[PDB]
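Chemist: The residues making up each chain are set out below.
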Amino acid sequence: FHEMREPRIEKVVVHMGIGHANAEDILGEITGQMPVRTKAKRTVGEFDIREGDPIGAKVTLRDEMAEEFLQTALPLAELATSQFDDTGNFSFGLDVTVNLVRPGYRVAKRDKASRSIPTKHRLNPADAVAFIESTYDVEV
Amino acid sequence: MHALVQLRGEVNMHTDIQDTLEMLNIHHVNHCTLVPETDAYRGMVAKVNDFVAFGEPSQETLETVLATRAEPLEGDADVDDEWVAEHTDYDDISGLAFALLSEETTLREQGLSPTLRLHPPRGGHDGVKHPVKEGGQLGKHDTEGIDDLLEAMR
Amino acid sequence: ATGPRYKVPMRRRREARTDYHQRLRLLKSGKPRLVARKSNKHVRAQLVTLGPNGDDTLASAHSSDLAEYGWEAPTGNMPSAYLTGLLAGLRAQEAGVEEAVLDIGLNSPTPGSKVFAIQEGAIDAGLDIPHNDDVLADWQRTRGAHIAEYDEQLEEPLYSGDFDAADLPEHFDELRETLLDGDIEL
Amino acid sequence: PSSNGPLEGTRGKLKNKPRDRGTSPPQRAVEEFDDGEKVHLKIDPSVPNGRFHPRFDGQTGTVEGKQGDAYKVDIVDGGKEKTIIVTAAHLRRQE
Amino acid sequence: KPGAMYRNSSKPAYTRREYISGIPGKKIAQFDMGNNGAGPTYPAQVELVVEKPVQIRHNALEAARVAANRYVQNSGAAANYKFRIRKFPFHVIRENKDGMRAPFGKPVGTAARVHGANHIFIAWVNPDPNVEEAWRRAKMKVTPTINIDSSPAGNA
RNA sequence: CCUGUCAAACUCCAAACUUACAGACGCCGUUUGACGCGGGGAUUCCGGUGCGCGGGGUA
RNA sequence: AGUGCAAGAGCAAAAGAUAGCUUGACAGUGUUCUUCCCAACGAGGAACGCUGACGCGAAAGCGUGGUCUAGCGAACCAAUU
RNA sequence: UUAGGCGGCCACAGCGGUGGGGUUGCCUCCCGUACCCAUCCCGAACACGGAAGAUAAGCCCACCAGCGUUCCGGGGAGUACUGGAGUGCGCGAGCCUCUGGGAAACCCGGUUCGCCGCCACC
Ligand SMILES: [Cl-]
Ligand SMILES: [Cl-]
Ligand SMILES: [Mg+2]
Ligand SMILES: [Mg+2]
Ligand SMILES: [Mg+2]
Ligand SMILES: [Mg+2]
Ligand SMILES: [Mg+2]
Ligand SMILES: [Mg+2]
Ligand SMILES: [Mg+2]
Ligand SMILES: [Mg+2]
Ligand code: NA
Ligand code: NA
Ligand code: NA
Ligand code: NA
Ligand code: NA
Ligand code: NA
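Protein chains in written order, with the entry's author numbering: chain F, 10 to 29, 35 to 107, 128 to 174; chain X, 1 to 154; chain O, 1 to 186; chain R, 1 to 95; chain J, 1 to 97, 109 to 167.
It is possible that part of the hints are untrue.
Keeping only pairs whose Cα atoms sit at most 27 Å apart, straight-line, the calculated BS3-like set for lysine-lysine is [to be verified]:
1. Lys154/F <-> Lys53/F
2. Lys82/R <-> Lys42/R
3. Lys28/O <-> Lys66/R
4. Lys66/R <-> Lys31/O
5. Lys143/F <-> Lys7/O
6. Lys152/J <-> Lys27/J
7. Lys38/R <-> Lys28/O
8. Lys13/R <-> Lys7/O
9. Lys66/R <-> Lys7/O
10. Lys53/F <-> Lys143/F
11. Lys42/R <-> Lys28/O
12. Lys28/O <-> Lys55/F
13. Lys31/O <-> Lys72/R
14. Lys72/F <-> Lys7/O
15. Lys41/O <-> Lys143/F
16. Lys38/R <-> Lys31/O
17. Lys146/F <-> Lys28/O
Please keep in mind that the hints were generated in silico from the structure rather than gathered at the bench.
All chains, full assembly: derive it from the sequences and hints.
Modeler: The following block contains the structure:
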């Protein structure tokens, strides 16, 4: 049963929601790979009327690239609980979000006969705190 | 097999109705025809229901009428037993009548005009403004009801 | 689901199995479809026609019934695909089928992909199919050379037990060679 | 009518019931008919092309050859004979 | 103006406010009267039933309703009863106030279409039918002839 | 939850009925030639009423 | 939601969004429906072909301008190819 | 069909939920990036190569009706409406009789947790 039910880290998105950049540089070094531009939608008063327009960057880290990052990111965070997703996710911080899920997730991401993950096989906030907490730190 | 008798004139009556009476071989007030009880024939008489008088006649009545008002497809010739015999598959009027009612043959198939041009009802009919259930003379009738009319117009 | 006014996708769309917009462009030709499908371990190739109550398969070939002819290698690779294509192609020919269009279903038209391999094979089997030569692999990769060389970077057998150690694109030739004359079910 | 465009008064006939909403199945858009075959004309709200003048929705014509993939269906408008260019998507076999 | 001009239900249903504008406000003050805090938990229930389909202008509704409830103070301002007028004036009515040229009238008011046999008014009382009298007065101000029907009340 | 009402430019529903085509019966046509085709000559393009359904209008 | 604009209608692995590429908003000539139900009537419009030349795509295929119904103009004369 | 591929009809098939199933025909998740190919950044996806592990997802199998849907019984209802007829009624609005058709809401009880086609396959 287990093994194919025990949590795992799938991507850690580190993004800097600026308002117009030179910031990419630090994300590249802080993560280890190129950042991605962040265009925005809708015209607004914060002199942000431009639809297509660089307004920040992000970086999606997977596998070791993600751990090797969290192995310093997490340490710089304290928070826990309430600050957790209903799906077992959590964002802290410059932002650093962590998407957590179980083994058969490719089922909801693939092209062919894709399917959404059943609620039972979904990850709960609790089941999440356990997995991470059980990896160099403390909850709440 | 029902006996159809037109009791209301053509003036003002819908054309699609009038044409039906015409397809059923009736072209004058007081003319009668004998129609089989089929789905097709049912629909037609229902559509004509308000300007006609119909029902199933008794053997005798049909006979009286046939004798009194039947005609060759052409000519004056009186249709009596001898005529019936020397001209039809049957041996006499009753033989013919029975066949009609049992819907085995038709006035045409026997070289007879599909129309029994009856006489006005002696003593008059019950009116052409109300149906039978209302004391009138329009619509479906009792075998006793039809016979009375048919006989009075013999 | 929600109400009377709710609209439920057709079944094969709920299942994410059939792309109906493409299916229509496919049926347009009026020709039989060369259905190229895959699996983690296998590769299927069917020749489908249209029918009163659903499609009709007039000829097929599955990477598994490949061994039935001497295949002693894995069945989810390029050489496998090609051959399965050639196998179905031939059976197809036997069935009186002469032309068909390539239905790669929900797969991507990536160059040198296995579906195109399935297509190259089917064509070589004698089946007439609208294609584009330079979207296909360069014969060698079809043979399975990309894998042989990959095992050159050995240190540990690419194949767990299986057959050989340095693998054999030759085994590929021997098989293609075989399918090109006589034998049962062809 | 306040206007005389083709779609005048076609709000009902050229609209789908909510559940038949969305792309139509390709099976009937590819059906093959033969000259002499009787077919019912009914535009499919979801199929933009291959249509005919709405006035003819409900007619039962007789296929008589085709033009390109579209068929040429003979019908009689009132008392006038007419040839309608229509695709299978908007046709159905009689009986 | 007279009821004569609007009492018949011969014109089309005219109620789409998305296409009609300048519609006068209803004069009907309220629809729930008496102890509306309480629910119909009364022994007796009399209703006023219209006997012919008619159009009743918000004018008459208010005048009929007032006349009845205003009288139901034979029971006192905060007496124990609840009175309901279940109909609402949805039908917009016009007047062509040029002779017959461009005669589509202009909105002048509203009315309620009541079908013969519907009950326009419903009262709820304890064996104390002064309400029967409140209605001899209410159907006095509406076009139709009416029926004063008693429902839960075998206390005769 | 409970409770009070509506729609010519609303519709989860939904007739009667009208309508395309075909079969069947009826009726009609093959000396009274129907259906249809071609040609000659018009008149006519102020209409009205009853009933059913209407839209406008206090009427 | 969006799809340039009335209203009604169409559309979700798209008819919408993003990206990239492209100029089929191409020349020639027709069939058919519409304009004008039935039922004659021009310009205009549309649907659907063919010939030629092209664009994109692995390909089936799609492109006869914009998802559909408005956005239009005779003879004579002039200019233009 | 001891798990497959392509479909037809396109909710009777949807939504939600319970139980069962894999040394193998198998499907998957899964393992992994030298290659074909790939991410405006990530072998996540796509593509390619492969079996150490698993039946927890998916999927296939058996089942539940709470919701949505389909059809049926009984009631609503031969009610509403309506094609044809009337020297029937009514000041009128309108109604009634005869004849031929005939609903919707809602309630109660069943049904429905897909059916079927081709191909392949201990
Ligand atoms: Cl596949
Ligand atoms: Cl047309
Ligand atoms: Mg004679
Ligand atoms: Mg006398
Ligand atoms: Mg009399
Ligand atoms: Mg309408
Ligand atoms: Mg009509
Ligand atoms: Mg277009
Ligand atoms: Mg001039
Ligand atoms: Mg399980
Ligand atoms: Na559709
Ligand atoms: Na004036
Ligand atoms: Na009164
Ligand atoms: Na024209
Ligand atoms: Na950019
Ligand atoms: Na499983």
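Chemist: Flag every earlier hint the structure violates by its number, smallest first.
Modeler: 1, 9, 12, 14
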